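Every protein chain except one is present and positioned as in the full complex.
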Amino acid sequence: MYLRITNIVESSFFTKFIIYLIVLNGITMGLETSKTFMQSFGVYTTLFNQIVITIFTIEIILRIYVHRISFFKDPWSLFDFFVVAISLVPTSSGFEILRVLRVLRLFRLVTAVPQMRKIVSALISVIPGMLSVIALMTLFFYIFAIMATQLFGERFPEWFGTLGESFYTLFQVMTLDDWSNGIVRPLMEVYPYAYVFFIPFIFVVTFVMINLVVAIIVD
Amino acid sequence: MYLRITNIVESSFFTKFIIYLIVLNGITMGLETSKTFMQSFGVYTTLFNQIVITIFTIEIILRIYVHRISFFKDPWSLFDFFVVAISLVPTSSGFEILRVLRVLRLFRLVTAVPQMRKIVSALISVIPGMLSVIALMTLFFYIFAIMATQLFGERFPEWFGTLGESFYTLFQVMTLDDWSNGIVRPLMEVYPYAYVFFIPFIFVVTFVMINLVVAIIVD
Amino acid sequence: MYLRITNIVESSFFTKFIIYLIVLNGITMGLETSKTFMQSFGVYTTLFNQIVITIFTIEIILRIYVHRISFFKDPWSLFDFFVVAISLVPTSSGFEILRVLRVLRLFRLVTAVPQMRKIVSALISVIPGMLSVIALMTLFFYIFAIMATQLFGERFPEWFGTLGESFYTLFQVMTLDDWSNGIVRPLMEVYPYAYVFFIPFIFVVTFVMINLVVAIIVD
Partner (left out) sequence: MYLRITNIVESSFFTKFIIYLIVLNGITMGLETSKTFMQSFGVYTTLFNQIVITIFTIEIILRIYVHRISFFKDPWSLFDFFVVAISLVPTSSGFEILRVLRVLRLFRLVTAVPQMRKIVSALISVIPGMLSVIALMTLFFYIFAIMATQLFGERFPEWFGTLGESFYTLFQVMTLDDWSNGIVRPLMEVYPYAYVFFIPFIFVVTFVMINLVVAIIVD
C-alpha cells in the first residue's frame, strides 16, 4: 500500500497532473466572476470545482501517508494542507466569507513550482531580522494611536474616534496618502498645532522605513 | 555580385543620414500637436511625412537583401520594421487609432544611437532576472482581484464590478494613489472589515517591490 | 546600605517586574479608549496609573543614588527621568497637553529592553553624517518658503500666507501629496507660470533625497 503509492506520488505525472489542474482551476476561476458566463455555463464550473477539491484532497492524504510526520515539518506542505482544508467546505449557504478565501488555492502553483518557491523563500528570509523593527514600529504606532484617539477623536470621530480608527488613519499617513489636504489640513482647522504631531510622525516613520530597507540591502 | 549596395548603406554618412530624418520628423511631429501650425503648414508636413515613410521603407528593403535571415533576428531592426509598417497601414482603413501609433516611429532614435541602445539593452537585461517576480506579482494580483469582485462588485460596480476593473482598482492601490480616503474608506462605510484585505495587500505588494529592488542592486 | 540597594535595582527580578508593569500600563491605556469601559471602570485605572507612576518614581529615585553622577551622562536613563518627570506635573495644571504627554512613558519599553536599545542606537547612528545634508535643505526650504510667500500668499493665504504657511505647504509638495490637482493647478489659474516655481523645486527636492539615501548606504 505504502509501496504502490510512493511510486505514483513522486512521478513527473502526479505533480504535472496537479499543476496543470491549478492553472485550469485558475482560468475557470476568472470566468466565475462573470455573471454572463454563470447563467449559461456555470453549473459546469461548480462541480468542476468539486472534482478538483477531491483530487487535491486525495493527493494530500497520499503525500501524508508517504511522507508521514515529515509532511508537517514542511512549511510548503503545511500551506498546501491548510489551503486545501478551508477550501473543502461546500458553499452550503451557512455563510459567505469562507467562500471567497477559497481562491487562495491558486497559491498552490507557488508551492509546487520550484522557480517561484525559492523567491518566496528568499523573501521570507528577509523577515526574521526585521521582526525587531516591526515590533518597534508597532509599539511606536501604538503609543501614537493612543495619543491620537485622545487628541483628535472628539472633533474628528471618523478618523481618530477609536483606537482602531486611529491606527488606520496613522497607517494612511505613513503611506503619505492624501495626508495633508486630506487629513492634517482639516485637523488644523480645529487644532492648529496638529502639525507638531504629524510632521514629526512623518520624519520618524519614514526614517525607520528607509533604514529598514538599507539594513535589508546591506544584510 | 551586387556588393555595391551593401557597400552603399553601411556608410557612416548613411547612418547619421537616417538619424537626421528621425530628429527632423520628431520635431515636425511635435509641431503637428499645435493647431495653429498644421493649418498653415499642414501640407508641407503631411508631405514631408509621406516622403520619410517611403525612404524608410526602401531603406528597410535594401537592408534585408544584405543581411537576409539575420535582419529579422535583430531586435533593433525588427522594431525598425514594424514602426515603419504602421505608417504603411492606410489612414482611412478602420479607426484613426493607427494614425496615432505612427508616432511610435520616433523611438527609432533609440534603436539608431548606441548610447540609447546601451541604456535600453541594459534596462531590459534587468527583466529576465525578474521574470520570476513578475509571474509571482501577476499571480498575486490575479488572486486578490477575483476576491474583490466577489466581495465588493455589486455595491461598488465602478471599482470592483469586474475583474478588469478589480485589477485596475488593485493596481491603483499598489501605486498608493488616493487609496484610503478615495477607495478603502468608502468601502468601509458599507463593508466595515475591508481593512483586512487592503492593508495586508499593501504590506505584501510594497514588500515584494522593496526587496526585489535590492536584488537588482546585488546582481 | 549602599551595596544592598545597588544589588536589587541591578537585579534581573526588579527590571522584569518593572517591565511587566510597563507592559500592563500600556495595555490599560489601550483600555481607556472605549469610553463605555472608562465610565464603568476608569476610577480603578486612573489611580492604577498613580501607583504605577509611584513605583516607577521609586525606581528612578534609587537608580540616581546607585549611579550617582554617572546616571545623567546616560542618554537612555535621562530620557526615562524626563519621560516620567513630565507625568508628575498635575493632570489639572498647565493644560491638557501634559495629560497626553504622559503616554510617552511607554517609550520605556524601548529603554528597558536591550534588544530595542539595539535597534534605536543603530538608527540614531545614521544621523550625524546627514546633518550636512539636513543643513543645506533647511536653508533651501527657507529661501523658497520666502519666495513663495511673497508670490502666492496674497491670492492664496492658506497655503503661502506666512512663512510658516509656505513652509507647511512646501513640505506637503515635498511629500509629493496631492501636489498637482490639489495645489499648483489652482495656483496656475491666477499665476499661469507657477510651474516654473514648483517643478524645478521638485526636481531638486527629489534629487537630494535619493542621493541622501545613496549617502546613507555608503556611510
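First chain written, first letter: the chains are A, B and C, and each begins at residue 1.
We take it that contacts are C-beta pairs under 8 Å (C-beta built on N, C-alpha and C of every residue); 3 or more make two chains touch, one makes a residue touch a chain.
The missing chain, though absent from the view, touches B, C when the full complex is examined.
Of the candidate positions C:11, C:50, C:54 or C:181, contact with the hidden chain is made by C:181. Contact with the omitted chain, checked across B:47, B:51, B:119 or B:131, is made by B:119.
Within the whole complex, the absent chain has one touching residue among B:9, B:29, B:62 or B:139, and that is B:29.
The missing chain lies against chain B, touching residues 26, 29-30, 32-34, 100, 103-104, 106-107, 109-110, 115-116, 118-120, 122-123, 126, 168, 171-172, 175-178, 182-183, 213, 216-217. Contacts to the hidden chain, counted on chain C, fall at residues 132-133, 135-136, 139, 142-143, 146-147, 149-151, 162-163, 176-182, 195, 199, 202, 207-208, 210-211, 213-214, 217.
Methods note: only the chains that are shown with their structure count from here on.
The geometric centre of chain A is 31 Å away from that of chain C, both derived from CA atoms.
Under the contact definition stated at the top, not a single residue of chain C touches 2 or more other chains.
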